[PDB]
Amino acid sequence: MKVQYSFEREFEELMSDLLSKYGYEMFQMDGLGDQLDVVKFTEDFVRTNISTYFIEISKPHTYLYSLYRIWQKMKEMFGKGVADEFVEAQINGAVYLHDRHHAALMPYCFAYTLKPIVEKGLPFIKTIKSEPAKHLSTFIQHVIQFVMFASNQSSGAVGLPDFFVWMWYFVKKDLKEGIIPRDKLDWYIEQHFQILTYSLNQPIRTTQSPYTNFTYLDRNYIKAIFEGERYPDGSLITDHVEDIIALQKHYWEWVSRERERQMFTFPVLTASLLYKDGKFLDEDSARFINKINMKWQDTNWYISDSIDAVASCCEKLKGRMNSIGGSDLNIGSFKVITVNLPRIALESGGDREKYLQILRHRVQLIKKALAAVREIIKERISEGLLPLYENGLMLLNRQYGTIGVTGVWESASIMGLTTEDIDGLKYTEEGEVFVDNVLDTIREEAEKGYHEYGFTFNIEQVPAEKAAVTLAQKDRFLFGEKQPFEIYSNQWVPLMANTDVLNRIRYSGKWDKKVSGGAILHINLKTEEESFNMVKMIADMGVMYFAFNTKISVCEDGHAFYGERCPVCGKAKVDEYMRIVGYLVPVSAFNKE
């Protein structure tokens, strides 16, 4: 059977032209080949559970639609040549549209404040309306319902950086009123940590858990963010800093225990710490995080030298945006489109000037596509399809359009600008200059973007879980032996490249600021003080987001431990949890993916 998809003939002609230029294999690589054949797809799938099938089946189709709609909007906004160039660039892998199956339908991510949930309840869920919570149990429930709702209204992370700020209030409320028996206080609190955590590790996105983030806000961040802000009882939140800190500590301690009973990925843990001139301004919290991380190293370190960006937070945008975690409160991205840097290397043939010309052009194109996607999102808002915006939870003016990068290293290598020395692999001095130039060029274009388009652009060295493979594959298809890499890197130095850790640290210290913390350094693994000094040294060097990695063992029943033998049930290790792209996941899963 043949099914008609009703495209404007110009798009049809484009698609035929591109299929004629590149061949069916390219489209197949892009996921617009046999994947559109529902019979083949289903037959393929039936040889996880059935609920997945209904998620996966339509992705090629909604990607195709999204691409078509983006092409329409871009043609409208910039003319046929630009739209055509973007489609060709997306299909052939010069760029990478993230969440492409969602791209014309809904936005990427946001790190929310729970203030509107606490204050208004759940009016935006309309099968049934909930009043503002009056108890801990229901605050927790509301957070769950909100996460489930938001996770199906966006493609990326649902951040909850101020969770404990608000949780504390209901803990105190229920303690005071005798809803929580005093002698059951600790059990209660931990029972609600547990209920939340487990719920956040259920398959609500069907195929997988939603992606959620928690942040341990240090005293500086709480004070800065919540200056002047009041709880429902009318009291100042800033008057309860120690209570909030203590509750955050309780969760982190609980987590660390609870892993023994059951390992879990979510929420991803970040600790946000103010650090300047060689010292933490909330040293007690830094030392706490340092101590608690000793066991599983399950928390990512976020370092900032200023709270100016988050000052009194609760048009040009300044707060940190990171796909892994550590996104500042009320910051997100509506879409990421990544520039394929190795492609430019391959196209450049070693000419750095050529490279930079092409790069600038591509980033201008990507900006145009982001602007288009933003217009489409505005259309969706207007059509009533995205109630997170209408209810003031997701804020469009607090969302960047993201210019993604991947394959910096491989790009440098193809250009002949990498080498080895006694310290291991590294950039040549000219290579380091080259990366400086690349990042600086992208920065300049991002900066001009705000005046060009009226919203703010950011840069991120993206996790690229899929893009890292797909782009390498496409480049390999187009350039063959010239592209020797099977996967592109999502860190300045490839994770699996024996190098001096000091050089990794150095490069992150040089380049994190250029992407405004849109990166991660994670170092695979003494005394507690040595750990603290290591942390300080890393922070001193200007690294903005980092973590250390252990290899966490798990048995078939999900108990977390180290070694080949479970201390709870005595069963054998059957899998590992590791931080591969910045959060803790099963290695079997990742390998399979």
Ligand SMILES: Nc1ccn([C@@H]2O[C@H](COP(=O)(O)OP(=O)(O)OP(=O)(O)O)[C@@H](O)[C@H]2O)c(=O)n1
Second form
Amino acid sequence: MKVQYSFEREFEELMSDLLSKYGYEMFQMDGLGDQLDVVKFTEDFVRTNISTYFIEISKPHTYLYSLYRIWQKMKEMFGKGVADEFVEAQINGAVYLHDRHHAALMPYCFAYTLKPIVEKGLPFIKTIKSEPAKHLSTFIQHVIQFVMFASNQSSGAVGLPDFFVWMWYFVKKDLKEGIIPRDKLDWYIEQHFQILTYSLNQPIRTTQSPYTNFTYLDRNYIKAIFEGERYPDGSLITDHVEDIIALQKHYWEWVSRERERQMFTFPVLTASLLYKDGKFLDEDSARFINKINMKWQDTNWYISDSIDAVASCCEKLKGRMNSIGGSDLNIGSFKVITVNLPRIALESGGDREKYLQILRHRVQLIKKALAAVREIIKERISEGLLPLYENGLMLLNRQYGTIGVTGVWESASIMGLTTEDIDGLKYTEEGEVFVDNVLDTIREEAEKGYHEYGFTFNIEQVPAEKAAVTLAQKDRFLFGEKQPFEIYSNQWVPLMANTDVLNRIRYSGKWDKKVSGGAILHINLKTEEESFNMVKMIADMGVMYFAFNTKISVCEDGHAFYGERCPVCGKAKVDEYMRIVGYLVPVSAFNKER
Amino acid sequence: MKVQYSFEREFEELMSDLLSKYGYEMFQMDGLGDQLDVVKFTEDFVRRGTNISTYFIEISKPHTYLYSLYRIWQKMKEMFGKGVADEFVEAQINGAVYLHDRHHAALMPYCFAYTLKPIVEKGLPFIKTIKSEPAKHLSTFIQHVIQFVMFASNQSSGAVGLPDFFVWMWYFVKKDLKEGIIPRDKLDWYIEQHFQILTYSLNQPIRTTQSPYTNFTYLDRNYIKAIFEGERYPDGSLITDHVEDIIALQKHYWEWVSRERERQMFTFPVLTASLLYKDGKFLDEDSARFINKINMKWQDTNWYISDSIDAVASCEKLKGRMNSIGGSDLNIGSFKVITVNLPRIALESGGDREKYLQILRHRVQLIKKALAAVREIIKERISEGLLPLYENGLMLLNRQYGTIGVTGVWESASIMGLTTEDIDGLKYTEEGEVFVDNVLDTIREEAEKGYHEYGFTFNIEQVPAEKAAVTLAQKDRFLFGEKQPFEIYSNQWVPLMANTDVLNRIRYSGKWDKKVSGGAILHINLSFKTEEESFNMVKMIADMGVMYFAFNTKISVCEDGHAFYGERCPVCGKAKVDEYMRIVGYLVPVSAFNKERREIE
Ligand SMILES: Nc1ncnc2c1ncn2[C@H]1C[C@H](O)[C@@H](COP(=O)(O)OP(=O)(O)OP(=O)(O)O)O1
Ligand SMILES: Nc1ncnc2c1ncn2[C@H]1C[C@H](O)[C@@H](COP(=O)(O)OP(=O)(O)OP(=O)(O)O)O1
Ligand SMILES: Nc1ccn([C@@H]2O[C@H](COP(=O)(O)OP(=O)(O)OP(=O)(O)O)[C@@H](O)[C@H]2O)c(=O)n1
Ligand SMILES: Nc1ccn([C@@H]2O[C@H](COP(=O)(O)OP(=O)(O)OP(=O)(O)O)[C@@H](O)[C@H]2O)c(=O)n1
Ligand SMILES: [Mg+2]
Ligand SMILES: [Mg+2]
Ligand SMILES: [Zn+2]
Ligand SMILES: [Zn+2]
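If the one shown is the form solved without cytidine-5'-triphosphate (CTP), what is the structure of the form solved in complex with cytidine-5'-triphosphate (CTP)?
Now the complete complex, all chains and molecules, led by this one.
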């Protein structure tokens, strides 16, 4: 049976024109082939439970609408030619539209402050309304309901950096009023840690749990952010730095302790530390994080050289944006659109000058697309469909349009700008300059964007959990043996590359700053003092976001351990946890997705 | 653009035939017209002002219905041949029958009333994102109940029943109190605070588009004793040793609910009190008088009346009350409801009552085959691993009815010319009452045969039909026009808004509730003069044989959701802006019902 989609002839012609050129396998690769056939899709899915079915079924169709809607908007704003060009690039694999099934419907991610939740409660829930919390139990509960609300109003992370700032207030209150058995205060704190953590690891996005971030704010950051800001009882938040610190430390100690019982992913843990002139200003917090990380290495290191971007937080945008974790308070991105660099290399045929003209062009096309998507978001807001915006929780003016990049290594390899020696794989000198030029080119267009389109752009070397595959596929499909790589890399140097770590650190030191920390370095791995030194060295080199990776075994009951046998129940290892794309995940789910 | 779906050409030919015989308008009414066009659907949704999270659930419903329709057609063809398969598809699309939750029909089952026993004894091993050990505290127990409701409510189409909630909650209240986890001087707070955490969670949009549908049951002493006979708590103690404890906690919730509404109104959980009643008296009179008293305020509780506990003792033909609104016995559910359009048969019969009854038996027998097919599809999904509720022994297939729904009884008889009026208002004629006796008995016979026929037990229910009551009258009015003067069909033996003496309503429910085995409801719009007067009236109704009933008040609410009576909020002083009313058996915002009803006119 045939089903009609009321597309403009111009679109249907375009789609037709592309289908004839690229063929069906390309549309199949883009998820617009057999996946649009409900009967085929369903009996295919028949091979996670049924609640997943209803989320997965509509994605090809909502993608196809969003593609169409963005095409329409881009044509309105920049003419048919530009609109057609984006669609072709999206389908052929020149660019990767992220969360494309959502792209013309809701935004991507934002790091929230819980302040307005503490102060207004939950008025934006329409099925029922909640007053502001008066107890630790309710406060925790409000966060849970908020993450449920927010994680289905957006595609990406829900960041909760200042969570522990507000939690302490309700610890003090319930302690004041004698709700806690003081003979068991640590159990009480750790119970609310447990209840929150386990809830955030429930399939609240149906197909999976929400993506959430916690931040250990160091003493310097707590001071800068909440300078002058008061608690609901009128007291000053800054007066309780040490109180807020110990609560944070408590959680990190507890989670390290909890993993043996049950291994979990979320929240993603980052420690934000200020570091100047070869030293941590909050050295106490620094040595603490380094110590807790010794067990699982489950906290990412965020390093910054100033706190100016976060002063008195609570038109050009400043503040670190990172998809994995570490994003500053009240910073996000409404959408990412990535540039396939290996594609540009294959197109350039070696001509670095043509590459940089092709690159500069595609970045500008992306900027136009981001500007179109942003217009759609604003439509959806006015249409009453995005209450996160209307209740002042998600802030559009505080969301970047993000220009993504991936496959940096593979691109330079295709250009023939990599090599190997006693220290392993590396870039040639021309290669490093080429990277400087690529990143400099994109930086130029990002800055021009602000004056061009009225909002701030940023740049990120994205995790590319899926794009790293479907792009190498589309390029393989369109260039064959010329594209030898099975997947593209999400770091300056590939994770599984035989190379001295000192080179990895240097490249990150060179280029992390160019993307404003919009990247991550993590190395697969023996003393505490030895470990802490390594951290300082990496920080000296200028690396802005990094972590160390361990192989965490698990059994079918969820016990965390190292080895082949569980030291809890004796059940053998069955799966592994590892930081593959920035956060700790089961390898089995990762490989099966790929 | 054009999109292909891989149907057997036999099905495609069938759909082709039906379209030519009924026209595109028929498919539009069935939700298989413009609704399947994503661009049309989206731009339509985009200017329907609920937020963007709703879009992704509503978008696929026409498509998933189409698949489910196609899958049932296939299975029905495999079990009973193409004629029966074609006969069913035609009957669904034209409106002879109503497939409930049709967008889920080939994917997941309908409803069930669970016991939290396995949750208590095993925790949450079936959640895949993370695993929880058996609870050890009140806080975790509550939090487990919540994860269970989220789990179950998105793997079924209908109600998540929690009859024995207060039985199990109490044990953890006692555990945390003993071990100094709960401060004694704040014993009542910790209890009402977790009443509040659970209840508010249950009114969160956990099903995205809406909150879950949940039920609570006040089990009276007789029911507690019967159900948990010989059953022990985790500490080893007998549950029947703590009947009084369980009762008191239950009373605390009802007292609390009635206390909590003025602060914030809410629908869920839907409240029912199950009471044993024989020979003109309540066997647990203390519980009955309590419920009678508490209800004086909001009338927010439904009365469930039974005359024996034989059907729930120590909890292959299935017995146990199944009711969609609430009151469903522990470990009872339905895997699917398919309703028969009775006014349709009236229109076909032309008045010939013998002809009517022939058509009815046929369509019931057609419905039974459909239920049997769906049940086979469910079993397929289970084995395919898509329905863990079964694998973990929470949802029980053997304990699930196949349901032959009914609707439009009044309107049907009216068309037959078997209704009238007198000094005490609208009522059935003598032959009309006989006719209704024949209709229900006929269906009942076939249901009973179904067990021997199809291997599982069948039940009957005059369903709420919040939507079906509209779309069927629409289709009938489209196919018969002037012959069908009703805008909607009724979900009670006598229409709620029909001027009739209440005693007539009670009589008819007394007569016919037992035929559907309490598979119905009776609610009367109201003030009483005394508590004792109300209690007498409850006993009168219970004498008459009514099995499920309630009284209705018009609960005002302001913009912040405070519950009150009148035009001014006693809490904030803000004016009334909306009402709450039991329209189909549970309390809802009238503005929500009216518009949801309007979005299908
Ligand atoms: N699970 C939940 N989800 C959302 N809101 C909730 C939940 N539980 C409680 N609430 C709401 C109810 C209240 O409007 C609000 C604050 O409740 P709470 O902090 O317990 O104060 P309260 O109004 O209950 O007074 P108290 O509990 O001190 O008697 O939170
Ligand atoms: N919000 C939640 N959702 C799901 N599971 C949870 C939640 N909070 C805690 N759990 C899990 C964690 C445990 O595996 C299990 C039992 O927790 P609980 O009853 O608090 O005892 P416990 O194992 O934490 O011992 P204790 O609390 O006495 O240290 O429930
Ligand atoms: N289970 C996940 C994984 C990732 N993310 C979000 O997506 C980001 C990384 O996405 P990426 O892997 O780059 O996206 P792809 O999978 O390549 O593409 P798509 O947009 O289709 O997911 C994370 O930082 C996070 O904010 C998420 O919400 N949930
Ligand atoms: N918001 C609601 C309303 C009802 N129900 C379930 O559906 C039953 C009543 O459904 P009914 O009104 O008979 O179905 P319709 O809405 O007419 O048809 P459909 O199956 O298409 O919903 C209730 O008892 C309840 O178990 C539900 O899960 N959620
Ligand atoms: Mg605990
Ligand atoms: Mg409270
Ligand atoms: Zn184990
Ligand atoms: Zn009010």
